[PDB]
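Peer 1: Knowing the structure of chain A, use the given hints to seat chains B and C with the ligands on it.
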Amino acid sequence: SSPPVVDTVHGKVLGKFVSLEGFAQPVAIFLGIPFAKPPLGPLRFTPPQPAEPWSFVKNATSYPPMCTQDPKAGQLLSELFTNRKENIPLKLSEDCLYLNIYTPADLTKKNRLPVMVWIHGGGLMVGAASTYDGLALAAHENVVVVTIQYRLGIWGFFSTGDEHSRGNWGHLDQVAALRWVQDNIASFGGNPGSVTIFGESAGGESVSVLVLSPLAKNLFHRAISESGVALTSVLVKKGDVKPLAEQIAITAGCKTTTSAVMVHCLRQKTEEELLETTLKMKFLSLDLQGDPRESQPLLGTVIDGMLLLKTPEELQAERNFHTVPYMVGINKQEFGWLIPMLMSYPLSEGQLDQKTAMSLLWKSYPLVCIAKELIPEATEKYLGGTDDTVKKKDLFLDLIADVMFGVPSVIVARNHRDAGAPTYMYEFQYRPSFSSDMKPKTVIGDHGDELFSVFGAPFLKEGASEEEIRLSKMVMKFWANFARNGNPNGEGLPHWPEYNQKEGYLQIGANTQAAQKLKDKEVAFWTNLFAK
Amino acid sequence: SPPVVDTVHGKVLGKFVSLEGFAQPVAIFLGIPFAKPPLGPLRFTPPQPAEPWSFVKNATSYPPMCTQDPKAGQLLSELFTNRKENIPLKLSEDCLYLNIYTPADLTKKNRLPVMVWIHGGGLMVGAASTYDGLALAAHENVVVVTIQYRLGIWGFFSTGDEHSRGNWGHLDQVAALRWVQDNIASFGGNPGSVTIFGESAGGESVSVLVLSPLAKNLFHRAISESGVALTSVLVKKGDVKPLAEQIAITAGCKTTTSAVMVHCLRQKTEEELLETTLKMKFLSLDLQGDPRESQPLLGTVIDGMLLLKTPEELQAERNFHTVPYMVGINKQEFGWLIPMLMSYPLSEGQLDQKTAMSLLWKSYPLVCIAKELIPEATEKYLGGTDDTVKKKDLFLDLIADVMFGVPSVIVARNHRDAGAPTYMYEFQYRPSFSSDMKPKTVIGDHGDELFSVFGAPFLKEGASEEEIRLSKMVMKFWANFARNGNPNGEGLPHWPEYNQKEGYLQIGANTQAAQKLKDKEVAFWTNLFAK
Amino acid sequence: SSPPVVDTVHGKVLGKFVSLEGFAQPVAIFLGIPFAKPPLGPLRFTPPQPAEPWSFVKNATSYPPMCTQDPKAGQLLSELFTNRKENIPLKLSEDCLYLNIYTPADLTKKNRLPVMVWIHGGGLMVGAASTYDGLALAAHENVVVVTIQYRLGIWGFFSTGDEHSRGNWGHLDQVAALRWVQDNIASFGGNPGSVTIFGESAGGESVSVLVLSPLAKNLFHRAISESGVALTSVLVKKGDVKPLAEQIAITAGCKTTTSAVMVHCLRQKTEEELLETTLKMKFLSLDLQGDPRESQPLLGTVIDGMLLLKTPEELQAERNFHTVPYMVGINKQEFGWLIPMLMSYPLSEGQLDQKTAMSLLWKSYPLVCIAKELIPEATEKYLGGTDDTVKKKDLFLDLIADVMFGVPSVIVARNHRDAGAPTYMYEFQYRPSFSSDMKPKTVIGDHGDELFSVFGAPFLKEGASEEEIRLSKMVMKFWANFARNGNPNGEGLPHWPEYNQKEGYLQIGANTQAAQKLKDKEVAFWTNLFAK
Ligand SMILES: CC/C(=C(\c1ccccc1)c1ccc(OCCN(C)C)cc1)c1ccccc1
Ligand SMILES: CC/C(=C(\c1ccccc1)c1ccc(OCCN(C)C)cc1)c1ccccc1
Ligand SMILES: CC/C(=C(\c1ccccc1)c1ccc(OCCN(C)C)cc1)c1ccccc1
Ligand SMILES: CC/C(=C(\c1ccccc1)c1ccc(OCCN(C)C)cc1)c1ccccc1
Ligand SMILES: CC/C(=C(\c1ccccc1)c1ccc(OCCN(C)C)cc1)c1ccccc1
Ligand SMILES: CC/C(=C(\c1ccccc1)c1ccc(OCCN(C)C)cc1)c1ccccc1
Ligand SMILES: CC(=O)N[C@H]1[C@H]([C@H](O)[C@H](O)CO)O[C@@](O)(C(=O)O)C[C@@H]1O
Ligand SMILES: CC(=O)N[C@H]1[C@H]([C@H](O)[C@H](O)CO)O[C@@](O)(C(=O)O)C[C@@H]1O
Ligand SMILES: CC(=O)N[C@H]1[C@H]([C@H](O)[C@H](O)CO)O[C@@](O)(C(=O)O)C[C@@H]1O
Ligand SMILES: *[C@@H]1O[C@H](CO)[C@@H](O)[C@H](O)[C@H]1NC(C)=O
Ligand SMILES: *[C@@H]1O[C@H](CO)[C@@H](O)[C@H](O)[C@H]1NC(C)=O
Ligand SMILES: *[C@H]1O[C@H](CO)[C@@H](O)[C@H](O)[C@H]1NC(C)=O
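Protein chains in written order, with my numbering: chain A, 4 to 535; chain B, 99 to 629; chain C, 4 to 535.
Isolated chain A (complex conformation):
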């Protein structure tokens, strides 16, 4: 037909029509719409600013660059998570505050379809919005799908602890994109009055953070955190961050005389100079030699004083904040493969023992934060059963998946429920046929596995069993319904109990049926252990 030409606040944007198998109405797709001014030069380490308005018709027809991040880890994660046929090779640039829109609406008429904003994950160190294709979800459930990008690593989370560089640039970028949604989405047949944000892992945590943030108030109306919340310690730095700032500054070749000096010095560095420092900082990998308490796995969220007025924990204490329908879920085996693999865990033997375990758990301090003293008591409550090493090692991985996502997600769900807001929980237990070959065939419900169902991978990729195609159809219906009514339920779908005092949740997979008190036993155990 004819290229779509929507009219936004900063000017006209031109897209491209794409049809999905067995769908009359073609989906309008705009790739690379800028939602802010490039954070280059002096804008680095500062909040994002409004984008400059353009004069004619901007061609939103090319995949925007992904924020600077280690190019290997980045491309890799893009392949293992992409829900599309071909993995699109991406480019790197500080100029990355862009978002992609997938609208199933017939733009020739008014339309106010629920909007779903996806915040990709990647430990806040890597990732990209272009990885996730919204064609399917948009087509199948009739919702406008928007994929946003935000500053990562040093660029998006470098913090000096003071006003010279507060931090959370990335989250601010996120908040920025949501403001863009409020002021424009209507021109793409979406209802700015019904926005639903949902993210996975670091993306999920972001969502949990926004729910806590004062700035995010009124920018969304329903939230969904998948495999990650604001209590996932590894992503939130509590304590004096000055030391890390100083390390980074030094690694980049900077004086550390004062905060203002460090920030300045760094603003002078070239992107490559900073990408080079990142690599040197050796993030994203498990340090096996050195004090586990000094190892810094990433540059995460902080209590800046603008986005987060206090530790997530304290915050959720007072239900006095913006409470909305919130769906919090986790996967059966979060630490089953994908992560212990990308980080390079000493598990080539495929077996473990009390001694080796306790040592690992200790060296895994940055990820779980368990005191060297309590290590023994924890390693036991989980590995003290069967003497079977291979079982102990499989229990070891559960040990971590519980402290990182399990308990945290449930604790967040509960406080949200007791806040008086509609809460739902789920536990995805399935092994997508899209898994990597290298991932054992026994590992089911690994980290990011639900992604394929959620983004309709079966309808864009190849080889989906008729069983998997159905699983995806259901999950989307469920997700889209939430986006619509703050309740996943609807006819033709199993019943999803609300997460109330009974604590009912939904086990999703080959066999989808409700249950209760998810990880209840674990939340109880860890809570005391940590109480010392």
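Simulated from the structure, these hints should not be mistaken for laboratory data.
A portion of the hints provided could be inaccurate.
For each label pair, taking beta carbons as the anchor points, the in silico distance ranges come out as [to be verified]:
hint	chain 1	residue 1	chain 2	residue 2	range
1	C	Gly-353	B	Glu-149	52 to 62 Å
2	C	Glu-317	B	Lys-339	58 to 68 Å
3	B	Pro-473	A	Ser-65	36 to 46 Å
4	A	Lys-394	C	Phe-59	41 to 51 Å
According to the in silico footprint, chain B covers these stretches of chain C (three or more CB under 8 Å from chain B) [as the list claims (entries may be wrong)]:
hint	region
5	165–173
6	298–310
Backbone N, C-alpha and C fix where the C-beta goes; we use that ideal spot for every residue, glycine too.
Peer 2: Relative to chain A, chains B and C with the ligands alone:
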């Protein structure tokens, strides 16, 4: 008793200078800043108001000319200068200055018409210090202002998007005009009677300002000499991104996105960009390669701010600011100066149908004639005498018509049909100030009227009494236009307005009116191009 | 109990309680409160901007860096003037617009104690606020003592003579601090309505300058210049400064095409690059080989058009400016040791003679500005007495101390007096026990010798005779009383005649008694000599 005028930003000190046979000495101020130096981050951005100074700024030294090829720059300065000694100039990104020549007695109120001169140089070279206003100012009693604007990459670099729209140079130009409105009164000038005039690219600029919304109300009479907004070579229509990327790669930059390019270039040093400017090989006719790829230079673009759409489209609707507009050309635009500089293969002094058609093709950037129509055009002009040397000249007329000839006339007509006072002229004279290397058969070579217009005869030496008179006449004519929007006046031949009869003025040894200038050629090309 | 936490305009500030021998109420000490935004990057060579407000509680508990200067010369001066026990080694940085506060007030209650702002000296090329400890003065006289810093050297006084870099950045920095005191000092139990500014040497000159500046109007209510005023030539550049600018630019490796080109080119230079140029420019040292008229001893105040509308001489002509109680004083032997020492004066023979003298006086042109023709007439009026060479030297040194501080100070005093404003003069003649060993015991009242009494060095240092302890007790009472009522006098202290037509001043030291017409004979002599 140095002149000390008071402007909005502060006091400016100049210098008095007397001209032969004129009681009143002319106050001359060299180097007044009309904008904040576009250095650092200000590069590739619109010009900003200059910082106001505290005491008395000494406007007594020729300001630097914007960065540009020092060789091509200095050479043009000599070949066009209307003064005795050429003044060697300096290069710098800090060049947003203007010079003023006021014949008024600053001890009294005076509101003399103002004439703002926009030098030319293909938007690549040139300076305002080259042209001296002493003469024109004293002789016709008008305040003369010479402005400078960013050239080359510094002034026309465009990414085609909001990250670097382009036309920085033209924006500087508008900047200067705003300055004149808020200050020229302090130099005995009438801010309500400002006339802009340029030569070549400057002529084009003047034509662009007439189409631009931003220029509305900053001038009241316009004059385009050998160049308008339809002189294709100077206006970039089409996706400019490609050229941006090439430039960016040449200077050693990533081309990831638009923002990235602009940012990386902002970081480059002046020398770095001047170096890139040379590498890009602008101003030189590329004889080997696809003529549709050779980029003659960086020019005007349709940015969305200065020009809301192509000049052609704009002049369609007479709904814009219409003012008395004088549009002229010279007998032989492509006679020597232009071809000589770009180094042309006419070292043989003769051509032939085959060779011609090839050149015309390799001159695509200059004329923009499709390889299919080339044969049909090469004929309509060279199809007569078999004399090669005659073809070698008919060839030069061929270019002179597509570049200035027809375009100028087309612009004149649309303005006329807009309901505005329009005048045209055709200068046919060989100044005694021409270069030696210039063949004495060329009469009306590009930029020949400049010597007459700026009274070169009264500043230089050896002007025949016949030339002195031609100059006296042109200025009178120009000045009158600046005064009433009509060149006519007593003591001058009659200059018919450019209405339906299309009367224009042939100027030179024998100055008399005529009609339908290039009429035959306008008609021809118009269709050829209609394919 | 623990930590004081004041609340300022830009956010809360946390300090530390320090008790002084024999004083109940502990003094609240805040070190390093920012009063302006770091003048880094593009902000270099531009007026200082308001500081960025912070989010939580800033820890004002570390000595701020001292502005970029000669680390050797800097630390050395720090030692020779510090009133505290241990000299505190400082750090260098362009980020240095900080001030330190010492408030004896009980912050748990409202208090409006007179405020005393100290502007350290150092020839505008070196120095720092951390050198001077306000604990004593604050405690002993119950005044809030504030020590400020301001850009020195190229960073604070680089001028192009035009609007592209007017200059006096350092003096604007000073004014900025005072505005900060107006808008904040109240929160430290200070009376923003009773601020007194006082400085020694270059700091004294600055005080003298703010008294003439329109920008300083209403930021203070009493002034005190110690050994330095606006007529101390060496510190004020009158004439075309462009030449010097260009030299500096050339030395730093810059094009001098235009003023704006030079400023821009310099902004690009790194701190080290500029520190390196500062060193090459061989400042603060006496050039013995070259035209004395070209030697530039330092970068100083200039007639910018903002801070100073015209030369101090012209300005003081019209009493039409802000007149306030002004105490101007000098030391018995300003040029006795310290300076000739630091500047490296050839006097290693400890003796001189008419010929040698006239040559030095000439080569000391930058410091005194005596034309080569008048040199003979001046060298005589002073050395013409005794044929004793060693006396000629002592006399030679007096010759200088009078042209640089003697006369200048008295002239400033008189004009201020004839303006109708309360004026007081003093002559300090004492040899502190804290002097350097290298300082001959003959010398008394060397440059900056009054500092030890003024800042209560005897109460923080060791070895103060009971005679010295008293001298200090007295000086502070005097200074403090002034800060309080614009009149040093009070009961328990000698009488200090106001500086009226009788021209009564106060000789201070072992024997403190009034006198009259200070340097009167010299003011008269040099006035004509200079009139040629
Ligand atoms: C939020 C969990 C996470 C992840 C992760 C995020 C989303 C999906 C899958 C994994 C991670 C880990 C390592 C990595 O690259 C290692 C480089 N190698 C290729 C050498 C890239 C991403 C993480 C856990 C602890 C510390 C830091 C990040
Ligand atoms: C603990 C389950 C496991 C893992 C595993 C390790 C870390 C995280 C998650 C899983 C495994 C998989 C592949 C492997 O090596 C392939 C050869 N290349 C390295 C060249 C080594 C170890 C395993 C499965 C079956 C048999 C033996 C071990
Ligand atoms: C608008 C016509 C013009 C001119 C011109 C403008 C005003 C007066 C005279 C000539 C031009 C040509 C060559 C040149 O430099 C060659 C030096 N070396 C590179 C050899 C500098 C300027 C031009 C024509 C075609 C392409 C680009 C510009
Ligand atoms: C078309 C005008 C031209 C030109 C010319 C062409 C392009 C640019 C600049 C100048 C010319 C003139 C002299 C010359 O060589 C002299 C050395 N020896 C070989 C004599 C070579 C070419 C010309 C003028 C008169 C007669 C014939 C041609
Ligand atoms: C305004 C009087 C002053 C002083 C001064 C200021 C306050 C207290 C004591 C001395 C000065 C002199 C030399 C010096 O360092 C030499 C380093 N070398 C050993 C390398 C540092 C400061 C001065 C006099 C003339 C020109 C420049 C400054
Ligand atoms: C002007 C007071 C002065 C000075 C002095 C010179 C320049 C700057 C500051 C002080 C002095 C001190 C010691 C000296 O030599 C020691 C070598 N020994 C082997 C003796 C030479 C000169 C002096 C003091 C006492 C007696 C004579 C002169
Ligand atoms: C630079 C580039 O080649 N990519 C395209 C960009 C991209 O959309 C953004 O850089 C990221 O999406 O936008 C354009 O289409 C446009 O504004 O007209 C230009 C170009 O075609
Ligand atoms: C080389 C140059 O142009 N700079 C000069 C500027 C000019 O005013 C402007 O640049 C415009 O001429 O200021 C001076 O003239 C001056 O006031 O002493 C000296 C300086 O050299
Ligand atoms: C970098 C450094 O160690 N200095 C200190 C600075 C100071 O403000 C000034 O730099 C000098 O006191 O910041 C703190 O005070 C702060 O607000 O937390 C603590 C920090 O220790
Ligand atoms: C934008 O896309 C349209 C497709 O209809 C195309 O015509 C246009 O040239 C594109 N923009 C550019 C100049 O790349
Ligand atoms: C500020 O001071 C308090 C107490 O002295 C201390 O607990 C806190 O950690 C300090 N902040 C800094 C600089 O880390
Ligand atoms: C004008 O004044 C400046 C200083 O005010 C002086 O240096 C200059 O010599 C004078 N003009 C010139 C350069 O002739």
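Peer 1: Output the indices of the hints that this structure fails to meet, ascending.
Peer 2: Every hint satisfied by this model.
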